[PDB]
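Following the hints, position chain V against chain S.
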Amino acid sequence: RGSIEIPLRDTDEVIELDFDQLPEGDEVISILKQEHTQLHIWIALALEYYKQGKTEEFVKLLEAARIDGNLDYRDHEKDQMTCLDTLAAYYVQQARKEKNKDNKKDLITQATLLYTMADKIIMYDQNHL
Amino acid sequence: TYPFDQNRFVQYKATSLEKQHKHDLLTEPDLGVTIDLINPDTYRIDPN
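Respectively, the protein sequence lines represent chains S and V. Under the authors' numbering, think of the first position of the first sequence as 3, with each following residue one higher. Under the authors' numbering, think of the first position of the second sequence as 60, with each following residue one higher.
Everything labelled a hint here was simulated from the structure, so no lab data went into it. Cβ coordinates follow ideal geometry from the N, Cα and C atoms, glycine included. Watch out, some of these pointers could steer you wrong.
[Stated by the list, open to error] Pulled a few chain S residues facing chain V out of the computed Cβ check, cut under 10 Å:
(1) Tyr92
(2) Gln95
(3) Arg98
Next up, chain S with everything else stripped away, as it sits in the complex:
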């Protein structure tokens, strides 16, 4: 919403990040991953950043969420394919709002390569095609 929950390792369900302020997304990766937090929260705060009106830090913090597919998660690789299809769609979406400086391929390369790892685990998603 404006503050959803980030679970801890010990005495979980205690800490919050209020989204009315804008923290940097890289320290978010940290404060999530010292807590071995489930991959679902990475999608949830990505959606929080997107509903906060962000398309680029939103799409680059999830690149740091591409590392932790099944880190301590007990088969949340379904959650990693959901993570990676978001970049496979929003790299190619942010390539359409291209600017004067980069190329379209400057995002299409990352979209196409990450899609290949997206199809390593799962085939013919409703977003793969």
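Relative to the frame of chain S, chain V by itself:
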């Protein structure tokens, strides 16, 4: 022969042939909409 003016210029103008043309809208080739199944976080299909 007649000494015709070289008609290198438009003053009639061609505006009858011009504003009769209705102009296409091709700003975005998929017709001005971002095509996405992820940004519908909301849905009106719920009540109501």
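Now the hints, each set against the structure:
Taking 10 Å as the C-beta contact cut-off toward chain V, the hint placing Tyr92/S at the interface holds, the least distance being around 7 Å. Checking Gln95/S against chain V: minimum C-beta separation of about 6 Å stays under 10 Å; hint holds. The beta carbon of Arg98/S is positioned within 10 Å of a beta carbon in chain V (closest approach about 7 Å), and the interface hint is therefore held.
The earlier numbered hints are all upheld by this structure, with none contradicted.
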